[PDB]
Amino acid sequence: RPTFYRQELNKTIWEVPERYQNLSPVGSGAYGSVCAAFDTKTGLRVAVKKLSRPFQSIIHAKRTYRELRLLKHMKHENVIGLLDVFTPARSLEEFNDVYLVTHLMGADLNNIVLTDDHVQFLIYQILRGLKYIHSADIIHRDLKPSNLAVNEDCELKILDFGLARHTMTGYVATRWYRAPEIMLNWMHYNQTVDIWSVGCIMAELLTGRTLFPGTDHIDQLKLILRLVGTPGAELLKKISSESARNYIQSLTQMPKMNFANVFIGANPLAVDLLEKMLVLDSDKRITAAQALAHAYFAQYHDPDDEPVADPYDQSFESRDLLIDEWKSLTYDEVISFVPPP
C-alpha cells in the first residue's frame, strides 16, 4: 500500500498516492474533474480523473464499473488506456472513491484551430482506433473533436468511447457530430454511427466550419438533408417511425449537393471518402476497416499494423443489480489491476 496525501482542489478533496505530484485542474472530463499530474515513478505527464460520487446511485455505480472495465481492456496506440487506477479506501466497506490515471496528451482537436497531409494522418488514426474498438463491439456514439486527444506530434488517441447510452448513463452528447439515425432514433444503428462522426470531423478539418451546426434535432436533420439529399424509396422503406418519415418528406425535396462544391479544392480522394462516410443509410455507410483500405490513406495504410482487440465481455450491460453489487465488482477490478511495463 502506497502513501497517500490530501489536497483541496476546487470544491472537493483529492487524495492520491505520493508518486503523483503537482496536481493541476484542467476542467471536466466524463463524470468527474481531471488534473494533470507528474508521475514520479515513470517521469510521465498524466491525467488523473476523480469520479464524482461513483456509487451514489445505480447509474453512477454501473457506469463506474463500465468505465473501469473499458479502460482495463484497451491496449492500442490510438485509443486511451489505463496507466493506473487507485482508491484511498483500505477495504470494501469504506470504498467511496475511484481515481483513473491515463496518459496526458496535452491538447485536443477542438483546440486545433491543417494541410491535406495532416488530415490524412489524423483521420487515419481515428479510423485505426475505431477499427480496434469496433472489433470488440464497443461503439463510441459521441465521437467529436473535444474527445480526440492529440499531442504536438499530431499523434492521436480517442477518449470517452463506450460511455454514451445504449438506446440513462448521465453522459451528455454533442448534437453536431451524431449520426442522424441515433439522434432521431429513426432506424436501428450499428458501429457506423462513429463513421458519420468521422465524416463531420474530417469535413471541419478541411473547411474550418462545423458541417452541421443545428439548433435542435429538426434543424440538424434539415442541415443534413441539405447536403446528402432527401432519401429515395430505398432508404425510406427502412424507417419505422411514422413521424420521422413525415419530417423527411415534408421538408422541400433537396437534391444531393456535389461534395466537390462544398469541400472546395480538397484532395479528390478526401472528397470521395467523405461521400462514403456521410450517407444516410447506416447499412451502406463505409466501416472503419473498409475506410482504412481507401486510396486516400495510401501513405499510411498497412494491413499488418491495424490490429483488432481481444474479445471484450460486456454481458454485465444487460444486468440490473444493486449499487453494492456494482461496487464490489468495481472494487474487484481495482484490486486486480496490473500496470503496463
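Residue numbers count along the first chain shown, from 1. Rigid core: the largest C-alpha set superposing within 1.5 Å between the two forms. Compared with the form deposited in another entry:
Among the candidates 151, 241, 267, 210, the CA atom that moves 2 angstroms or more between these two forms after core superposition belongs to 241 alone. Comparing the forms between these two forms on their rigid core, the Cα displacement of residue 47 stays under 2 Å. Superposition of the core reveals a Cα shift of 2 Å or more for residue 28 between these two forms. Core-aligned CA deviation for residue 187 between these two forms: 2 Å or greater.
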Contents of the next structure:
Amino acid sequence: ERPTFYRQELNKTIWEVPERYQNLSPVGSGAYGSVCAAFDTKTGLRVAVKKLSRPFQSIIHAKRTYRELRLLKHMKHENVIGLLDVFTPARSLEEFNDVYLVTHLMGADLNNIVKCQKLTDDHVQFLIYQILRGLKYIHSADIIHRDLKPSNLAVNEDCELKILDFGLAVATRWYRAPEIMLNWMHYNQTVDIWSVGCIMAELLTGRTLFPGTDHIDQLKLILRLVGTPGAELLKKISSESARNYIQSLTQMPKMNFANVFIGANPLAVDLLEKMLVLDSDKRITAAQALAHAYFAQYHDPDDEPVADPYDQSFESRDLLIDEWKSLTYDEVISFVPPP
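Can I get the form deposited in another entry as well, since the one above is the form deposited in one PDB entry?
What comes next is one chain alone, with no partners or other molecules.
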C-alpha cells in the first residue's frame, strides 16, 4: 500500500517524504525546485530528492512539471539520469499539489574534475565517449538538451558519466551554438554537438574554449577560431541586412585546429574539427561521432542503444492547469520503479 510519510521544514520549505528516505539535507535551491541529499533505507543508496516549486501555480509551471516527469520516466540509459522514484503526499487528485523526484545522488559534476586535475587522453576519450553515448540515446527520442555544459554532467569516482539538468533557477553562453544566440527560430539537435565540441576542447586544454562576456563577444570569439561564414553558409541566410552586416565585418579565416590544440591526440583534433562547424548541417552527429577512430577503445555498435518511442505530442497542446495536474497525477500513479 501507500508508504508512511513524515514532515519537516528545511529552509522555510515543507518536505513531506516517505519514511524510507532519511538524513535529508539541502544541496540546492531555486525558482524551479529544491534538492536534498538523503539515504534510501530500502536500497542502501544515497539519493537526490527534488521537490518541484509551485508545480501547478501557473500554466507554464504545470506544463514543466508534466514535461519533467514524462521525460524522466522515459530515460533508461546508463549515461543519462534515471528516475528511482516519484511520489506525492496527496492521497487523491483533489489533494495533489506537490511532486518529488528521486534519482541517484550525484555530488560531483564534470566542472569539478576539470578544475582539479589535468586529464589524460584516455580520460578525455572515456568522458567524451559517454557524453556522446547518452546524447545518441537522448537524440533518438527527438529530445534536444539545449543546455549541455560541464555543470550538467555528473561524474562519479569511477569516471562514469550521466547527462542531466542540475539547474534550479560556468556561463551557459560559453557552450551555446552560434545559431541559438542568433535567435535562429527553428534550430535542431546539432546544437548539442556544438556544446560537446566546446566541452571536449576544454577537457583537452583545461580552459574554457570561448569564454565570451556577452552574446556579441561570444560570437567574435567563435569566429576567431572557425572563421566568418563562407559563401555556402551565407546562402542559408535569406536576410540581406544580416548578410551585408556579416560581409562588412573584418573577415576572419578559419584556423587549422591542429595548429590550435597543441599536443592533443590528432584523432581528438580531427573529431573537434567535425563538431565545431558553424553550419550545423555539417556537424558530425552523436551516432557518427561514436564510430570515429578517437573512440576505438570504447566504441561498440552493439552497446550504444536508442530510446523507445517517446510520445511528445503534449508539447503542442494548450491545456488547463488542472488538466496538466491530472495528467501528471496519472504519471505519478503509473510509475514503476527500476529493479
